[PDB]
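**Q** One letter stands for each residue in the lines below.
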Amino acid sequence: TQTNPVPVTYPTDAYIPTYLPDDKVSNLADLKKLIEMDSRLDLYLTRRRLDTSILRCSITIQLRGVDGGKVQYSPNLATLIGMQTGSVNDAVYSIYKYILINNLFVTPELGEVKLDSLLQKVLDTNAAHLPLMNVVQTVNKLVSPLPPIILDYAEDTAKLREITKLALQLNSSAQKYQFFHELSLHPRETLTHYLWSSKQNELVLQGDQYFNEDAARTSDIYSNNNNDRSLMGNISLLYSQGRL
Amino acid sequence: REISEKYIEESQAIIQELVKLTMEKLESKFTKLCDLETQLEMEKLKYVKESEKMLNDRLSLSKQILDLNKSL
Amino acid sequence: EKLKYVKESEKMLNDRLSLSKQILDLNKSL
Amino acid sequence: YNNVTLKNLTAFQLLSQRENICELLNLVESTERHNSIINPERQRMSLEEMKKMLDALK
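Chains as they are written, first to last, in the entry's author numbering: chain I, 3 to 56, 216 to 268, 308 to 353, 393 to 483; chain D, 415 to 486; chain H, 457 to 486; chain E, 16 to 73.
Keep in mind that the hints were calculated from the coordinates and are not lab data. Just so you know, not all the hints are guaranteed correct.
As the list claims (entries may be wrong) - Computed Cβ-Cβ distance ranges for the label pairs, DEER-style:
| hint | chain 1 | residue 1 | chain 2 | residue 2 | range |
| --- | --- | --- | --- | --- | --- |
| 1 | I | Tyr-12 | E | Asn-50 | 24 to 30 Å |
| 2 | H | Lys-458 | E | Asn-50 | 26 to 32 Å |
| 3 | D | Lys-458 | I | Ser-344 | 30 to 36 Å |
| 4 | E | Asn-50 | D | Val-433 | 24 to 30 Å |
| 5 | D | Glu-419 | E | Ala-71 | 23 to 29 Å |
| 6 | H | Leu-486 | I | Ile-349 | 35 to 41 Å |
| 7 | D | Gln-478 | H | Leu-473 | 16 to 22 Å |
To be verified - In silico DSS-like links for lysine-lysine, alpha-carbon gap of 27 Å or less:
| hint | chain 1 | residue 1 | chain 2 | residue 2 |
| --- | --- | --- | --- | --- |
| 8 | H | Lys-477 | D | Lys-477 |
| 9 | D | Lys-446 | D | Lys-458 |
| 10 | I | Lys-35 | D | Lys-420 |
| 11 | I | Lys-35 | D | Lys-439 |
| 12 | I | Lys-314 | I | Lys-231 |
| 13 | I | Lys-398 | I | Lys-35 |
| 14 | I | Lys-398 | I | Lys-415 |
| 15 | H | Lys-458 | D | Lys-463 |
| 16 | I | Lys-34 | I | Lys-415 |
| 17 | E | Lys-73 | D | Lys-434 |
| 18 | D | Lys-477 | D | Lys-463 |
| 19 | D | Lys-460 | D | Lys-446 |
| 20 | I | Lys-415 | I | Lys-438 |
| 21 | D | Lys-446 | E | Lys-73 |
| 22 | H | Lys-458 | D | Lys-458 |
| 23 | I | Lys-321 | I | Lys-341 |
| 24 | I | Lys-26 | I | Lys-438 |
| 25 | E | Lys-66 | D | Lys-420 |
| 26 | H | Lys-477 | H | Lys-460 |
| 27 | H | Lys-477 | D | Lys-446 |
| 28 | I | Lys-258 | I | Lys-341 |
| 29 | D | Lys-477 | H | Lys-467 |
| 30 | D | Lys-463 | I | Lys-398 |
| 31 | E | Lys-66 | I | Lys-34 |
| 32 | I | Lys-314 | I | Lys-258 |
| 33 | I | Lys-398 | I | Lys-34 |
| 34 | I | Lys-258 | D | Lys-458 |
| 35 | I | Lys-231 | D | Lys-434 |
| 36 | D | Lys-477 | D | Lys-467 |
| 37 | D | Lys-477 | I | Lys-34 |
Heads up, the beta-carbon is just placed ideally off N, CA and C, and yes, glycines get one too.
Okay, chain I solo, but in the shape it has when bound:
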């Protein structure tokens, strides 16, 4: 995944109304119990999903089982660890714990380690201080691979979307209730509001009609439209700025 959430075009988890009279429904809070039940179940599952991982010729045959699961060690790196050929990540961790046991960092003060006899033997260095980044870098060098045989001589998204779609249908009927309800509360100041706003929305939708193809190519925009007055009055302003 990303470092940011992924935006989507279908709605995601639409709201539930609370101004609805719950004496009639009596199921919003019980449905609310299901959502916090599902989220806690989703909380435990996502925590569990996070916590489940937290001339004489020679015979040379490149075998089938050449694998890096048991990778070979250098003999210096072998005796500092103790194991013969375990792995590369166990080689890093046993090296890091061996420095942490001997307390070589400090008593960069933590990057520079106090190079002991074995640490100078396994790295073939002779400094007194050396950073741990270059210490673990040679572990990538000090490990050799295993030698071959030598012989010489979903549905939940659409279920969520349907639930998101059905919750949108719930938001419609709740708002359709409350308008007539507040119109039953006040028939005056929602119809005066209606007769103004529907008149205002009739104005806004009728603000884009004189901008068609053959409506501008003809001359019934400029000539005699002082009743319009909208354009052909800006020519005293648009020419004064050089817009032409």
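Assemble chains D, H and E onto chain I, guided by the hints.
**A** Below, chains D, H and E alone, put in the same frame as chain I:
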């Protein structure tokens, strides 16, 4: 209205019976599982704390081999 | 995993016992 | 259609504002949009699916 009203009245009883029964079986699965989780973390701590002493035994044994290689 | 870690712990504890036997070989090598 | 315009928002508001006033006088029917979302045979099928989920979980 009447066919709507018939299955709007019986349903809420079947709603709140099932949701409450869902609260029973889910929380019973929770308390079983959140106590099964605690028995893991003990054995997760007990396997580490012995293998940590095993690795400290293996690193100290290699330091004891160093005494056996200076006397030859 | 409740069965797996006990299967791994007692194997490591028995490996501690055989390593303790290797200490007894260090008590008779000198 | 994925975006909305100032033409699209006012047409969405004005069509929704005129239909609620068209219900008080009842010169529109709006019966197809009622019973298809009620769907009382689905509502009992919702109940019967809730009724079997009592029987299955008991």
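**Q** Could you run down the list of hints and mark each one as holding or not?
**A** Checked hints:
1. I:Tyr-12 with E:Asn-50: 24 to 30 Å: Holds, at about 27 Å.
2. H:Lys-458 with E:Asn-50: 26 to 32 Å: For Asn-50 of chain E against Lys-458 of chain H, whose Cβ atoms are near 56 Å apart, the range 26 to 32 Å is violated.
3. D:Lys-458 with I:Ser-344: 30 to 36 Å: Given range 30 to 36 Å: holds, Cβ gap about 34 Å.
4. E:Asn-50 with D:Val-433: 24 to 30 Å: holds (27 Å)
5. D:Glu-419 with E:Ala-71: 23 to 29 Å: Since the Cβ atoms of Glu-419 of chain D and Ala-71 of chain E sit about 27 Å apart, the hinted range of 23 to 29 Å holds.
6. H:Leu-486 with I:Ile-349: 35 to 41 Å: For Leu-486 of chain H and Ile-349 of chain I the Cβ distance comes to about 40 Å; the hint holds.
7. D:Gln-478 with H:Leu-473: 16 to 22 Å: Between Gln-478 of chain D and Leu-473 of chain H, where Cβ atoms are some 19 Å apart, the hint holds.
8. H:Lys-477 with D:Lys-477: The hint holds at about 18 Å.
9. D:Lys-446 with D:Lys-458: The hint holds at about 19 Å.
10. I:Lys-35 with D:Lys-420: Given that 27 Å is the threshold and the Cα spacing comes to 24 Å, the pair holds.
11. I:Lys-35 with D:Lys-439: holds (14 Å)
12. I:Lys-314 with I:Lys-231: violated (30 Å)
13. I:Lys-398 with I:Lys-35: holds (19 Å)
14. I:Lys-398 with I:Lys-415: holds (26 Å)
15. H:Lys-458 with D:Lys-463: holds (16 Å)
16. I:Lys-34 with I:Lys-415: Holds, at about 22 Å.
17. E:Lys-73 with D:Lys-434: holds (12 Å)
18. D:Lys-477 with D:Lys-463: Holds: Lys-477 of chain D and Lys-463 of chain D sit about 21 Å apart, inside 27 Å.
19. D:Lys-460 with D:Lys-446: holds (22 Å)
20. I:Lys-415 with I:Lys-438: Roughly 21 Å separates the two Cα atoms, so the pair holds.
21. D:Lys-446 with E:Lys-73: Distance of about 19 Å is within 27 Å: holds.
22. H:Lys-458 with D:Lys-458: holds (9 Å)
23. I:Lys-321 with I:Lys-341: holds (15 Å)
24. I:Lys-26 with I:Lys-438: Between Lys-26 of chain I and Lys-438 of chain I the Cα gap is close to 35 Å, so the pair fails against 27 Å, i.e. violated.
25. E:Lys-66 with D:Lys-420: Within the cut-off at roughly 14 Å; holds.
26. H:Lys-477 with H:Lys-460: With a Cα-Cα distance of about 26 Å, the restraint between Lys-477 of chain H and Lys-460 of chain H holds, given a limit of 27 Å.
27. H:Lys-477 with D:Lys-446: Given that 27 Å is the threshold and the Cα spacing comes to 43 Å, the pair is violated.
28. I:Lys-258 with I:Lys-341: Holds - the C-alpha atoms of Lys-341 of chain I and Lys-258 of chain I are around 19 Å apart, at most 27 Å.
29. D:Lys-477 with H:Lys-467: holds (24 Å)
30. D:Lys-463 with I:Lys-398: This hinted pair is violated, its Cα atoms lying about 46 Å apart.
31. E:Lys-66 with I:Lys-34: holds (20 Å)
32. I:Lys-314 with I:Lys-258: holds (14 Å)
33. I:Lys-398 with I:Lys-34: holds (18 Å)
34. I:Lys-258 with D:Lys-458: Given pair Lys-258 of chain I, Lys-458 of chain D holds - Cα atoms ~20 Å apart, limit 27 Å.
35. I:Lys-231 with D:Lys-434: violated (55 Å)
36. D:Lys-477 with D:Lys-467: holds (15 Å)
37. D:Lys-477 with I:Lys-34: violated (64 Å)
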